[PDB]
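First comes one chain, alone, set out as structure tokens in the form deposited without the partner chain.
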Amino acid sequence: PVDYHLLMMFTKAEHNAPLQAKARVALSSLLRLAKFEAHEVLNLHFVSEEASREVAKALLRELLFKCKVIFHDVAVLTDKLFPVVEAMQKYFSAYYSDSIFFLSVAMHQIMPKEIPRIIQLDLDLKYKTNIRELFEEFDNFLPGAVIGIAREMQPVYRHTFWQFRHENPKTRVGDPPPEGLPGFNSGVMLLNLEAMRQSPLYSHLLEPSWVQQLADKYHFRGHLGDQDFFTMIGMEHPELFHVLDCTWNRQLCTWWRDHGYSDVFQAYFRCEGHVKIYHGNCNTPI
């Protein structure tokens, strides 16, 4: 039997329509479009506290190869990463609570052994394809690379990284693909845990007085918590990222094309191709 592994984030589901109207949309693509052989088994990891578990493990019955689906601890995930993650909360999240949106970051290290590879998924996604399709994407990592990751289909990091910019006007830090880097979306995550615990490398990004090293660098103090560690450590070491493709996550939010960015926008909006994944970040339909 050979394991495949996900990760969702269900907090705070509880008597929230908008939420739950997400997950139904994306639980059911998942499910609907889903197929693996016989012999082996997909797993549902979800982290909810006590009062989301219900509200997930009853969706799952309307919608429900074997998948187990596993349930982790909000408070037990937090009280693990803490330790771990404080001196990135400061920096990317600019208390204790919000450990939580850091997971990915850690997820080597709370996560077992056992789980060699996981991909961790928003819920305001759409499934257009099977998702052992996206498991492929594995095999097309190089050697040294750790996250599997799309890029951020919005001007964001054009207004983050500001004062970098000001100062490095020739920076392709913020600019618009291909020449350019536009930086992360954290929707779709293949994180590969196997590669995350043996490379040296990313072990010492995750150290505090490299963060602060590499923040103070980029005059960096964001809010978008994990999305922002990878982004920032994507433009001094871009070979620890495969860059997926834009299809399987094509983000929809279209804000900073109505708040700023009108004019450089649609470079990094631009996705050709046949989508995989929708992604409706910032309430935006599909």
Given for the second form:
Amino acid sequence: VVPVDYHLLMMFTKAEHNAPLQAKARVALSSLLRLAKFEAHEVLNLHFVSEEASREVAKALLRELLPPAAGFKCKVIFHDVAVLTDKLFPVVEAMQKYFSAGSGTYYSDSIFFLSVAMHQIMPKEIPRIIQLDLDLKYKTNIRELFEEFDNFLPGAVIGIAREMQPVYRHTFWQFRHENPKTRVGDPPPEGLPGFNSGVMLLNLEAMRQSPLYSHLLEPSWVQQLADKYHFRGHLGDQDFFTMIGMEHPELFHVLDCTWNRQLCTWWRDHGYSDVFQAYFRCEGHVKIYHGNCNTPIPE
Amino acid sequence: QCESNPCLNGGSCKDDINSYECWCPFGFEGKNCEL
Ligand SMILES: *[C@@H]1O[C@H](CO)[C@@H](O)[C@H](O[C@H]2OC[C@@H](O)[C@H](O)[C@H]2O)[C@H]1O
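Could I see the form deposited with the partner chain bound next, after the form deposited without the partner chain?
The next block holds the full complex; its first chain is the one shown before.
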């Protein structure tokens, strides 16, 4: 039988002596694996980005959870955060000053941009990869998420869900001020609230092959758009995709909110009580919970 | 990481070194929009 590979990637760094992170990793990976199902010839590839101490922590967790109940073939791959950092930096350097905490261009911020240049980092054999946060809880078989790649329209390179707080209403304030009629930062269904990076379907082939996407990576394009939008962030990849998502929504296949149901309400209590609901509303059968800003996930 | 700047102006992190004013979202006052 012809073997078929599925690729997931998760960030797992600074995990040693960090019980809160290990608990999240535990919640994410246990649900993922309990609920995952794959055909006989299919193999699930789990890529972890870690320094050496966190690699040992992840292994100890992983042996406790593998092999999976459903008995499918599962391969674990680790990538050195320091190796990836150096590979990302030339590509990613110029965007750091706009999207990193705070100023300006530090090596330690580079990895938070991994997804934007993932097609240049992963071997060309990998055509697609799903990057996932470790503060998730899977409520369905992750194999089902992969079929969303099929719903990508011509020219789209990334599958991503909307940001469910008005953080981007706040971020785009000055652009909003200068453009009263803009949908930039407005809530759904007609506004553009920006994106959340918790679940991202990164089509590496479409990313490599897009003339538009490649141009938006160039220092002067990053700079031009950040100026047009008066954009300052500290959320990295999320902030970059959000920004280019305002200029060029064609590039993104918007996932339904149930694929990344965020639970953080921090912005509700910081000046957005009125409009919060319009952003935060998500209805339908939840597929993935995202316990962002350390928000406990319900059981 | 940093804590988000509750101010509408300046950098993304609160206590942006290059900021002196703090324009708060409606309903809030203070150097960090506390009350
Ligand atoms: C502003 O700072 C606060 C305090 O550190 C963060 O919790 C906020 O992040 C949260 O809201 C926006 C979501 O996109 C993040 O996933 C979530 O942690 C930050 O915007």
